[PDB]
Amino acid sequence: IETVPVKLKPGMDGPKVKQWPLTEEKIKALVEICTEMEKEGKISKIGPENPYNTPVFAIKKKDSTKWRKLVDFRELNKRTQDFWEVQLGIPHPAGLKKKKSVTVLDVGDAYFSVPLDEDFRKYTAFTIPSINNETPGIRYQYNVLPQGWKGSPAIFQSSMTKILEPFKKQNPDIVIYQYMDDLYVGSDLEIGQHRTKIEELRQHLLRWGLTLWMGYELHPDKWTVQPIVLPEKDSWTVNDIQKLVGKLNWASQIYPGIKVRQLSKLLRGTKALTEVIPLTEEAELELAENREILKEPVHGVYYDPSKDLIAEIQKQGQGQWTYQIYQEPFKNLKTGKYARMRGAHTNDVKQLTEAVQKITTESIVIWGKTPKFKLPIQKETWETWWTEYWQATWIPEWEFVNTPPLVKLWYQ
Amino acid sequence: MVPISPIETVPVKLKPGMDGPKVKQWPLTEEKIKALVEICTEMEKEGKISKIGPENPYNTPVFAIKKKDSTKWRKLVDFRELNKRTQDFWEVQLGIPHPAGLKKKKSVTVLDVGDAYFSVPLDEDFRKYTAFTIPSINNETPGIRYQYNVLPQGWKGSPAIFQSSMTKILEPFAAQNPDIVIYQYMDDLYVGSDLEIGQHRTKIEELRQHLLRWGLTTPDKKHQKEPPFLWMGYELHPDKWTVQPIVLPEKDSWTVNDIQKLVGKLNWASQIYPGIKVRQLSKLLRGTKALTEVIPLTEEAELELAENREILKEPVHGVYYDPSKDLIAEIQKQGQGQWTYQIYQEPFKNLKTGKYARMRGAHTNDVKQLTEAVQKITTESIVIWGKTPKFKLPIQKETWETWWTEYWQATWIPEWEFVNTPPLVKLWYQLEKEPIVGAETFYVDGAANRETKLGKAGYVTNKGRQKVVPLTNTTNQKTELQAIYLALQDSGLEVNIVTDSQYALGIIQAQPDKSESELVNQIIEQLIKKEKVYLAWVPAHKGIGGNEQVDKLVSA
Ligand SMILES: NC[C@H](NC(=O)c1ccc(-c2ccc(C(F)(F)F)c(F)c2)[nH]1)c1nc(CO)cs1
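Which chain is which? The protein sequence lines are B and A, in order. Under the authors' numbering, the residues of the first sequence are numbered 5 to 215, 228 to 428, in order. For what it's worth, the authors' numbering labels the leading residue of the second sequence as -1, then goes sequentially.
FYI, nobody ran anything at the bench for these hints, they're computed from the structure. Incorrect hints may have been included.
Claimed, not checked - Below, simulated SDA-like cross-link-like pairs (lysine to any residue); rule was C-alpha separation at most 20 Å, straight line:
hint	chain 1	residue 1	chain 2	residue 2
1	A	166	B	135
2	B	287	A	488
3	A	374	B	404
4	B	424	A	501
5	A	461	B	284
6	B	424	A	403
7	B	43	A	170
8	A	166	B	142
9	A	395	B	363
Bound-form chain B, shown alone:
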């Protein structure tokens, strides 16, 4: 019931990020939520001698009609101590990504029972904004461990293992991983059976609240990395071979022995784009060898936990979005495609926002950290609207791509 001593890194002041404007209904929701949190001692009002600030907003999570508060602790997380004192955080379970099913359980409400270092509380300051700068902003600071802070799972880590030491004692087949306010539970188990062991944990978490009700069902193994495909045709136009040669030349940056000599020789002469060309036997051979080259994975593609992960996203149209996760260019650690059943037939930014959340989820499962996104969207459009469709309690970093990349063709 006592403090864990928490510092920042020397040479770094606390976060002083400005609160962005909020709709009237979001302010109202935050006032009601924070009034109850104040009554329960989780937060307390603060005076103007606290110069720190972290933005806050409010959303609605998946399949629920009640506002929830989210604090954008991204800046504070950068400035927070790294928690590898006696136990360096939580080593990532490489076995979680190879389980047939993984389910995500919100365990964040358990952080609200463990006090936070009274010396550190001043750094968690946030502001409920007023409309039109009419009233001053209502200022709070956290007394308990805050959701969205990277220190919260690190501090609760020791007290979380006792909570699961009975569960993983009974079920050594199950891999449980904690990231931020989420519990990731995976197993090689049958689908109906995997759901059964899960609320066994949910009931097992209520027993210790004496001294969190729905589930997201990921499937890591039912998914795989993605190869480069080449068309299979019986008649090729000039255009067809031109696109083929372009894709092969692009793939030759990733795979070494890719050759285009015999196919590009077919493109010599100034023929109509829609004219059919028979394939040279040497060209048919070259296309065949290129295919087998593309069936093996890239050689020497290694994950380096010392370097950032970068995620690129391309809008392909009709609700389809491609993406790649890499650390070095031309060295994809995962690629994928996300299409419909998103609810945004007419909203590009909702689809992109949901794509960002899913890619981050996959990235948390595989490596235990979030990637830096390169988003195909203007900064002004994204920063205006992404909080309208955000549902996760973590937030990644992102930059913006203003020049249309040629590679959208090759990943289509």
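Once you've looked at the hints, dock chain A with the ligand against the given chain B.
Showing chain A with the ligand alone in chain B's frame:
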């Protein structure tokens, strides 16, 4: 005596790793010394300051400015060195309330509490750093030493500690008087209500007594203002608001000053006067950096100000906000990357107006600019009214649908409807997704010599048509564009174009409708004339006979 409730003290520290101020007291004339001891004597016996001993090593200089007109002397402490050493405070001062956000209230009173900041106690542990010295006559005695017991003026933390304390005190009065509203900005208290003027001044009277409970004196017999009032460059009237009437300066050789005091002042007019344009006067600025340099007015400037000396002729007013009615925002394209907008709830009665200027960009189009302006008005509306307005846009629903479904970026504008007020935002060209059967295929290429800057651009087609043009003072990137221009210029209404220029693709795939480059603009004008254009890309130096038999033609 009715007892006073103590105002809670805000703990204050100095910046980490910083001592206190130690500044010497400047030599004052004998008459000024006389005034300062007079002033400090009354405020000492008012409990505001107190003499300190020889212990306190900190010192802040103090001056006395005889006020103008009034034959009085008023005191001045220059806290600049102490402000540098004091901790940073929380910043509520982020914005200035906009008149169009105020709701229409029947009765509204405003009370200046420029008095009350001095009845607020200062943190005792911090008063030792407020020390100052009254220099004695002829410097023959030790200067009388003083320190502050309450929030000093000109001090860093005074405005934030004063407003924080005032908000604390106002909470239960507002909470238990929901039939009023109390806004608090700067040194003023805004109190509005929808009850009859009788019960208003009673609740005003009740508030002043509520503030007496903490020892904060309030203006009474008049001295508190009622609308209308001149405030922050606005004119707030009971039913309407407007900019302060503020009239353009006149010069024949216009300085930097001259329009730095005019676009900043034409920007002010644009928030209620519709259609104010500023561009042909701001180009005369960013291309200069001298705060006295003179610039003659360009030919399009005296045409634009002649319209700024034309909208500023009749008074136009804004209405206050009605939360029960919908918020409407309407946008008009003005030309040269200029956009004007009006926000209203009823026709003919704007809450406010405004403008948006394109971003500095190498290339652009109308849709991206309209999209950006929608985002600016969205954020401005959230700030002012707490909600997103419904938009009326000069773009057809099918134009927007084709745009966002085919644009390579993700894009979105909130709920909106088409308003048919030209000039309408349009898609000026649309590239084909597949090659065109029966259209001539132009294989284009260009190349330049980095040294001589001579180059060639041209094409070869499937019908045997060919052209190569010699060029001077050009780059590889320019010749690649010029090759495409030639093919567009020399082809029929439908044409397939094959290029290896990733530079050209990057420009055209971004779909500009206007450019800085005079060459890109020619290409755009040619695209607009076409019926179908399919632009294909192939990798260079693979000898793809189009981009080979014309690569061997443009480098020869
Ligand atoms: N600087 C002059 C000083 N104030 C004013 O005149 C003033 C007039 C109107 C507002 C005003 C309007 C709107 C807001 C809000 F933001 F709430 F919408 C607000 F906070 C204040 N202020 C005063 N001096 C005396 C003489 O003792 C009386 S008033």
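Right, here's what the structure says about each hint:
no. : hint               : result
1   : 166(A) with 135(B) : 19 Å, holds
2   : 287(B) with 488(A) : 18 Å, holds
3   : 374(A) with 404(B) : 16 Å, holds
4   : 424(B) with 501(A) : 16 Å, holds
5   : 461(A) with 284(B) : 15 Å, holds
6   : 424(B) with 403(A) : 15 Å, holds
7   : 43(B) with 170(A)  : 17 Å, holds
8   : 166(A) with 142(B) : 11 Å, holds
9   : 395(A) with 363(B) : 14 Å, holds
Going through the hint list in order, the structure satisfies each hint without exception.
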